[PDB]
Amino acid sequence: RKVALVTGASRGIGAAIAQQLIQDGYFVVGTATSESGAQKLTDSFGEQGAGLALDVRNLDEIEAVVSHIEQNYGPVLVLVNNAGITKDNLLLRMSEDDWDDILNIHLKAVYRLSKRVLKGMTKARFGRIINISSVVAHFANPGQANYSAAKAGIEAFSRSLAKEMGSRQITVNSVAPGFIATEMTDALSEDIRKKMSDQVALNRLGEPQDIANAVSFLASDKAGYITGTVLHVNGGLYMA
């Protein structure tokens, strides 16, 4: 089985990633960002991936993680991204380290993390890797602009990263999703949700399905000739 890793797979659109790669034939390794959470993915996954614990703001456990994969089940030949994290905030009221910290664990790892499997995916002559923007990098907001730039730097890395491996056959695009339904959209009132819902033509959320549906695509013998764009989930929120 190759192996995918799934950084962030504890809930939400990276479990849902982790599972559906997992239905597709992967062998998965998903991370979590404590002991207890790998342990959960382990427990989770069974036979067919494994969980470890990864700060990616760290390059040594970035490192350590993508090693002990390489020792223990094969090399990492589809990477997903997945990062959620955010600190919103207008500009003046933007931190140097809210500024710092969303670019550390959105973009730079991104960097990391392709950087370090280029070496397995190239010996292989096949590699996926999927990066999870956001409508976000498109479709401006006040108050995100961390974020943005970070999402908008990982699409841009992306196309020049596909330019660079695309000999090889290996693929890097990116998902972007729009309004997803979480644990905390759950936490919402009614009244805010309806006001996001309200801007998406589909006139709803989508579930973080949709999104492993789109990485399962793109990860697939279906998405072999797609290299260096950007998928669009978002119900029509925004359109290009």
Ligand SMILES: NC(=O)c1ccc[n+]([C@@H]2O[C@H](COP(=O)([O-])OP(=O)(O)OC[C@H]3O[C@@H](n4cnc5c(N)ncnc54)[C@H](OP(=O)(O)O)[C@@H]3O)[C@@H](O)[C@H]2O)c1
Given for the second form:
Protein chains: 4
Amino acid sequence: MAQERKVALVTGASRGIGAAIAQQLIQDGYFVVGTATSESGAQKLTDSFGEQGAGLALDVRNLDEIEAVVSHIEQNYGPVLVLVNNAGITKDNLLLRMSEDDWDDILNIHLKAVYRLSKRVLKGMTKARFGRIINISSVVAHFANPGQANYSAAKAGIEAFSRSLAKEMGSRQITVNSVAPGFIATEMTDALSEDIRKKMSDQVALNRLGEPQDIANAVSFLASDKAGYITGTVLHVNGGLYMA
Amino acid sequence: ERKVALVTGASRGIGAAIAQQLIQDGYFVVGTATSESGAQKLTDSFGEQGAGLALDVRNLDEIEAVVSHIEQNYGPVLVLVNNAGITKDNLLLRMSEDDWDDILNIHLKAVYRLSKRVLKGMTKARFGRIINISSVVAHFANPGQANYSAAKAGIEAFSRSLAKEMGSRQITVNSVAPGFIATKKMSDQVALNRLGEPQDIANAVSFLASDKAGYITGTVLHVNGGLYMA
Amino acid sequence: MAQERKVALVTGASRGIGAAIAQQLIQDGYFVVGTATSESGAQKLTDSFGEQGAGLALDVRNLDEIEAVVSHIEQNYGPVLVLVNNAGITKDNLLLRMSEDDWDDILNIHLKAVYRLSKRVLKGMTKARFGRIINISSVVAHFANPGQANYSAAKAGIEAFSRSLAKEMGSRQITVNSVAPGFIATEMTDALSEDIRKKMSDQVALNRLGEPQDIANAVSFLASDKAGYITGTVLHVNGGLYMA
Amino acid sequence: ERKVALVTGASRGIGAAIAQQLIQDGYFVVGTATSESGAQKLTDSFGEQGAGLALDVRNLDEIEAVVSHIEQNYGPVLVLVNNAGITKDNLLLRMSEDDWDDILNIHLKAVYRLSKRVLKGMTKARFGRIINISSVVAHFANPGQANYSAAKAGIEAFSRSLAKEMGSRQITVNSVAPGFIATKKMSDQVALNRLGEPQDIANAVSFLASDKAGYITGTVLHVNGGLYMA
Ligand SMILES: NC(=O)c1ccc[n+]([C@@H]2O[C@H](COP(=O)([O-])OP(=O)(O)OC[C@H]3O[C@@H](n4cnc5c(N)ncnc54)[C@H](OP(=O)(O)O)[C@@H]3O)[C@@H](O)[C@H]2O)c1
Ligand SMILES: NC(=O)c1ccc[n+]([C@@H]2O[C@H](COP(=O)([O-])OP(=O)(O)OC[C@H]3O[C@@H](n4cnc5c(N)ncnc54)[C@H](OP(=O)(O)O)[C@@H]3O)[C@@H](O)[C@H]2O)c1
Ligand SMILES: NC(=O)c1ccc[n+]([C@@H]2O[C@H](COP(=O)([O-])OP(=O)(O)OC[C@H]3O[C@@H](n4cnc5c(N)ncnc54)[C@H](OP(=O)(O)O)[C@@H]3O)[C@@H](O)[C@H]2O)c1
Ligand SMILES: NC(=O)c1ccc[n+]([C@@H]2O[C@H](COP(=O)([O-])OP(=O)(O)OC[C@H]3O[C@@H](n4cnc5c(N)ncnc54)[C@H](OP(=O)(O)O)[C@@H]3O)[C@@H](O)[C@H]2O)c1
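What would the structure be for the form deposited with the ligand bound, given that what you showed me was the form deposited without the ligand?
Entire complex below, previous chain first.
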């Protein structure tokens, strides 16, 4: 029997936020394809999802890989009808020490990848007259952070891209939205001290760090029928760290 | 039994959809109408999972009597949805003091009054949801609606201040800003090329009132089909 | 000889920001009417402005006073063509201790006064096909501050009011804008300790408290021909305390 | 002598108005064009109060040569106005990699590159103005402009980050977002019921580059006639 569930593609699904998003979309009833940067990582995803998802190796910096991955999904599982752009890294530096590579690599991994993957999935969504593109942004696209001019520019760019695309695709009942996490407990915050986590949580109105599941819950909502009249927005999930 | 939600203006439209959805979600819903007859209709619709009460949100005495009644009979209000409203549009040159004041009182003052009155129960519970219905026109301005736009924008700023005050007690305070909701030129302005339905707003309120939105506070959730985008 | 300069009305011009705005608009060439809450305060303003302005007593809570003041200006100096809504106070309290009076008095002094004064001056601006309404808002209408739910609601309301009015009056070449100060050195910050002023200035990107003249400079710009294509905006003057 | 301003794309339109205004304000203005012929025309327009240089902001080598030349011959760049730009609009389905990349490079990458290159002189002076020309469409979205809107929104966020980095040295970093500027259906969307002129933008840049805006940093100054309001 053929794969019959709607297909979601979640980039960077190995851990933390990406992993929680992938698992929640599986629980919601999607067939989930998740990506990792290595075959070994991809195989781990495959095993975690069991027979309701697949893991694929992908470096989102490369158009040929993006095209190959989506073609593979279309040929084996179905058209990508939910796209979650989550994969990313940071290369922080004050501008006076921010190299051409530091800049280009971050813009390519974040903003260029959103452009490339969004463009590649539009045809299938158009034919379906259904689609969800959900981009993971950051509180830092709103609240200024020194040392992250590259990351902030990319994430803000993604939000503006999302608005333009939402206008273009709305008549096909495709929604395009962003989710902007605040302080979410991840590998990186785990590496910080208890004292610094307390300083962080004191700035959050809710007085605690969030969890990957909080971001998964937002993505889940946006990907659902409960959010069909929401498009071109940023859904802030930061515990009142930043309010708009 | 269940946690109690209070939904103001639950007789029809958006409020009715919200009240019915929160019932389906598992809340005991107290819905309000401006008449005793409207309040009875709600009691009859909700049956065992809710109650109807008459309330004019312009009046502090009624607000205090209504919440007291709920506390005596059903339990503390742990989800407050401030939805009751009207419009009295006019270009500023034709906008009377009464038209200004009545809109500010029904929308913004009521949010201040009801929010203040429910804080103690939420604080004791270390749980709460205050969900205020705003509007797209608090962002995308419309001539003739200076009173309504001022009130809804006020509500949003109120909500941010209160979110900061109450967050440590795990009370979230948020706004939902509907676009054009059906109660051709309009739907052409919307990216999705259709008007919204009350259920679209109920769905957003339902999300916010749930554990799925436990880390969301002080925000505006825009439900407008791409009529206005941030 | 009759009063020939364009007339500006600046509410609460006794000190700090209001005083600096009034004096700058005089330097710009306006005839400035400033207000104070007492006759004694009004007389001080009269003397400070010399023969290029007037002081009038006004409590902006009262419609009859607002109407009387503007009528007086029209009968003696000219139509109000620049309106600067600056007068105000705070009555801070956490919501559980914020009384009906605390709420009503702040909404009336800030938002109702803007509505009342704006409405009262429109006819003269309409006839002139020139007008500037400039409302003094606050960073707190944007950046959440506990204890100021009344003040934040009023200032945010003023900004939304300004947008609606800007749409209504734009075809008459009347602009309606707000200026949102951050940490400005005033009587109130003078009353704080050196330590607390240092904590404040550490949060400002420019690493210092602003001065009343910084707000006057913004108001001056908006009231000028250099800002004739700017309407319905908030001009933030906070040294990068809050960025949008 | 005077403080040096660099204005990219000063040949015509908004950039030309900015360059002429900054001259009137008292800056020595270095303006740029994409050709040697265009650069000569600027040198001739500016006379004693400015110079023209050829620059394609897509190229890092040219950016570095241009600023070095200015530093050798005129003084450190203390006011940088990033204005040079083009559009390559298309619906996303027809937007090629080249059309994406070229817009990102000319707009956003150039702002990164030029800002980085001028920091040292501004830091030494403990004075600086970086003024980036954005656009209303970074806020009020337009179909067909996903590349341009992404770049301009990126520029604004870049500007906020840099404003935080450089503020202690009294360097301000701000964006000016023009609406429809003339270079009927359009002017009906504008509250002021007319298109803007290049001078409206020059006036806003002039304000920001002056001591009258010494406490303004990390902001967007909207100059759009009420086409889009915050
Ligand atoms: N954590 C937070 O608090 C926070 C706050 C704001 C925004 N965000 C955003 O939320 C998203 C999740 O971030 P995170 O902190 O959870 O990340 P993370 O735990 O570090 O995970 C990174 C993921 O992205 C993948 N990845 C890295 N480089 C890649 C490339 N070139 N191509 C394809 N995939 C690549 C990684 O693959 P491998 O595992 O195979 O290396 C991994 O799955 C990001 O977009 C981030 O910017 C997070
Ligand atoms: N519809 C839209 O497109 C739209 C867009 C943006 C925002 N909103 C907001 O959504 C909310 C609901 O709007 P709607 O379109 O559903 O309105 P609606 O269909 O006219 O319903 C109004 C409700 O409020 C109640 N109400 C009116 N005045 C009241 C008072 N003084 N005290 C107590 N209750 C009162 C009414 O009670 P009775 O039935 O007893 O009269 C009714 O239940 C409002 O806050 C509105 O501003 C709506
Ligand atoms: N200072 C800051 O850092 C800051 C920050 C954000 C926003 N703001 C805003 O900027 C404006 C200036 O504030 P400020 O702190 O400079 O004020 P301030 O120095 O305390 O001056 C208050 C002024 O308003 C007048 N006033 C008070 N109550 C009045 C009433 N009922 N009717 C008429 N006039 C009245 C006072 O008159 P008398 O002198 O006769 O009493 C005085 O001239 C205000 O709107 C404020 O909300 C200031
Ligand atoms: N016009 C509007 O309504 C509007 C609205 C929003 C934003 N803006 C922004 O305002 C800025 C100026 O726009 P405009 O309307 O004045 O444009 P314009 O009249 O077409 O002028 C463009 C300028 O940029 C230069 N330029 C183009 N490509 C370049 C490159 N690769 N390297 C260096 N310089 C280059 C041109 O030089 P040559 O003369 O040598 O070709 C010219 O001086 C742009 O950033 C634009 O995005 C304009």
